[PDB]
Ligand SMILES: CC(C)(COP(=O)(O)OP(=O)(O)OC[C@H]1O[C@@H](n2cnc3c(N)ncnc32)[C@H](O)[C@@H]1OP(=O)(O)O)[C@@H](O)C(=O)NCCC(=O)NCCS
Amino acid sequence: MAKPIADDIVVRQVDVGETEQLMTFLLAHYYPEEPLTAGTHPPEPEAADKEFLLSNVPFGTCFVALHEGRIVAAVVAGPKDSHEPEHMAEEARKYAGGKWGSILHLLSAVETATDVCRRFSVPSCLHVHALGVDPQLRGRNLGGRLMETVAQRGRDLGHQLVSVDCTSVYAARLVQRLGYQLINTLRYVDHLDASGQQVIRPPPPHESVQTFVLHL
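Output the coordinates of this single chain in the form deposited with the named molecule bound.
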């Protein structure tokens, strides 16, 4: 289970029992700059946030790029069906009040608005939950290579659609280059909590979460 790319970079599937290295990479080079995480407080993700990402590892849909045994890029993906809008709404309620609750309330608003299984009459979708590249390796299409790996895994699994919430404009530009289509835009200034406070305040240039899909 190894796909050589680039120079000394190999793409591998994250194995159940190797999640610590993946989380260490995510905490170093994904979470500090990911707009929802950077736009909420404290800077570090809560346990439930990290645990949800790692809950996708058993699906075989999580991949890393390795260089000298070190993870330099990672993608986390998992399945969803037409019940996901209801499921995410309930999960947002469960964790309301914390950093993860704020992030989930935005992600759940987006899932309700996109509702891709009903929108495209497909039974399921492979959703990309996280994508990050070491800053020293950015601009070498490692993100695109990992997204292509996910698409092929989706094809093998019978999914007819891949979806991804590009909270970052760099990810939006990447998936545009891959031929994904935009299906939803939610501006961060437009998303409040029940008390009227803006939930996510991310650094510019990230002004919106843009959801893209790819038909398989």
Given for the second form:
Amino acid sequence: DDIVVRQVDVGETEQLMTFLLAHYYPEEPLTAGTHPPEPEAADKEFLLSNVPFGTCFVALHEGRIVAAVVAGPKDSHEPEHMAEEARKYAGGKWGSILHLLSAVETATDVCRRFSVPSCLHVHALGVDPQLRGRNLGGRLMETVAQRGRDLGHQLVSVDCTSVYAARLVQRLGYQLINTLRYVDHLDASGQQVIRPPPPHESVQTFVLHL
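What would you give as the form deposited without the named molecule, now that the form deposited with the named molecule bound is on the page?
Partners and other molecules have been left off, which leaves just the chain.
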């Protein structure tokens, strides 16, 4: 067994972020479909704000992070939280990403939809493609689910903006609950919010009952 999977501790968030800037953000369709290419500090700081909840994990190989998953809890207030964040950041890169994510959050409304008090939501999953055959994405998703069970959460949710992620959670038994095409998602002025490159066409939200 060639990999160690462990919780991120908050003296290691910058190493987590260096990984994400190399192997999550560049090809992530919401980041790739909004300008400028570099994620804004609020975007990065939101991801890192999940580390103190103990729901973020890294896979390590010879002292280096080779995959990471950022998850955090959410409740039935999350549609309005996201709507408020979208409104506060409108006009910038994080505002456009939040505009789309908020539309997905309100449409899925998973705590009400599954009648559950809380849900562990996976915000980002990145893998170094150079390290092959260690099942890093699956192992990190299984770790998030096991952490959900330890916390008593009854549900895991994830918005797959790419189809590597969608195929991965399909094979872990997640249920597809919502699809939103990027060409169908406009702002109040009729502008397409996210303009990603081929082959990216939709954001698919999956849920797993714990």
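Residue numbers count along the first chain shown, from 1. In this text, the rigid core denotes the largest set of C-alpha atoms whose superposition between the two forms falls within 1.5 Å.
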Once you align the rigid core, which of 93, 87, 119, 140 turns out to move its Cα at least 2 Å between these two forms? 140
Let me know the CA shift of residue 205 between these two forms in Å, rounded to one decimal, core fitted. 2.0
Rigid-core fit: what Cα movement does residue 102 have between these two forms, in Å to one decimal? 0.1
